[PDB]
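Asks: For chain W, the structure is supplied; the task is to place chains Z and L on it using the hints.
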Amino acid sequence: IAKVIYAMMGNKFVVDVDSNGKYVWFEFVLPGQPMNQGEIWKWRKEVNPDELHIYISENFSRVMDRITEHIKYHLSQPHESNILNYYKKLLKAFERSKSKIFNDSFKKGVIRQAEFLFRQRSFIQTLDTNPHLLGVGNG
Amino acid sequence: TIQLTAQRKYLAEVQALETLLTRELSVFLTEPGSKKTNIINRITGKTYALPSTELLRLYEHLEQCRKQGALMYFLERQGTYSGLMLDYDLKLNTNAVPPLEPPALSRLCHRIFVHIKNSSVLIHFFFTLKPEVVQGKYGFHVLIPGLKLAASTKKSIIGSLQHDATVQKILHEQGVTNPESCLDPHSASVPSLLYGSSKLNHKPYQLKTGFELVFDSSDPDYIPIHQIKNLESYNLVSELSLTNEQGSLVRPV
Amino acid sequence: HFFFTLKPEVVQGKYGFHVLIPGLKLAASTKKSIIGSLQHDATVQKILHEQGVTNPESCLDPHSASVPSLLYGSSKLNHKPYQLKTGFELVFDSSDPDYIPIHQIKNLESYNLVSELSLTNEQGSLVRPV
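Protein chains in written order, with our numbering: chain W, 1 to 139; chain Z, 140 to 392; chain L, 393 to 522.
Just chain W, same shape as in the assembly:
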């Protein structure tokens, strides 16, 4: 799921290792979302990825629904008996995995795994290094 999440939103989160050795999360804010005053179009330091958890729980669930309906679709057409049994077993093993995207421990493990993929080396050290760019209220 970490690969799918990284592909789905690899543009709104960056992970880097600080001096103390703790992985940290930054996200690029967009207009029209809850936020502080005057920090649009800039990265913000975040201790724990909040929007990531909700995104995993609900937005990623649409793709699960797509997979389920696709399996039902392929089960619809006439085929051989053996392939029908194979699809039935696949679905019967599959639906149990759907609920696991809501389990808290599973989400925590997914976040920990995705910490590797989202990493972008030499990111903190290059933060705010250019003196010609100023962070302002309107961007």
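Pairs of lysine-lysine, DSS-like flavour, derived with a Cα cap of 27 Å:
(1) W:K72 / Z:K206
(2) L:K438 / Z:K256
(3) Z:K368 / L:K477
(4) Z:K347 / L:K498
(5) Z:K148 / W:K72
(6) W:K3 / W:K45
(7) W:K92 / Z:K148
(8) W:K88 / Z:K148
(9) W:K89 / Z:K148
(10) L:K498 / Z:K368
(11) L:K498 / Z:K269
(12) Z:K206 / W:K88
(13) Z:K148 / W:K100
(14) W:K72 / Z:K185
Read the hints as simulated data drawn from the structure, not as lab findings.
Replies: Here is chains Z and L on its own, set in the frame of chain W:
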């Protein structure tokens, strides 16, 4: 609202219909204000202008859905050519069943035949009624999908039936306290509902009988009335579709 | 109540047609007048011509109602009995008898057909002595 989810869960045909709507009908999307649409489902306010193949596929799919039961709110709007849609607001004095014997429906058929002969002519009949058990008793809709004369002629026929008194007398036979105003003047000027597409928190009308008068162009006063049998061996949703000019049982008169 | 039967065909002189109307009770000279009227009638002959009938007249015997007939099932000597073809239930009105719907009769199968088709059986279930 929960019943919709339950139907979505324990009915595979419902999932097939939903997938059909999401993918094959995703290309035949119609603007909300445009009149080119022919099939509209008010559940999501979706407007569709499906071609004949899509129309027949929807007809058969909703037929399988209705056979098992379930619920839906599909609507269709008459085009420049269409059948005849009728509504009776039969607000009877007593909520007791006025059994609609085939002779009475035949008398209605004779009366409407007389009312239409004084117009352009070159037929299948279907009688579906409310499940009753409600204040003001039930209502009746008759459908004539064979022909295609959707114009001011339909309004003229409606006006002719509005002052018609033989049908009022026939209603009085069953003990109807509302001889007139049951037929809304907008019977043929409003979008209709496909067979099984009920109303919000209302049961769908069930089909009672059908009739098959033979059309003849030798006499403007002859009034034959034949009756169809074995409707159960048919795609009733497809058969009752006005736009279904390719219906199996019926023909595009 | 209307009843139609046909010969099994395949015979010289073609086949024969019998229609039975046991509803009414008017066995008198009125029937002879009716036979005379149908003798000069051409609408029935015109209907027959649609079937390639080269005997528009002389098919209806002048004694169609003044001779004894046979019950349903009884055959002719060295000939098959007439089998029922169809039936109709056109409505009769005493005030405005123009009503000509040809209502499709039903449930002909599960009736005592020999009892129903009898002329002298006024107390039949399907038919009544009008």
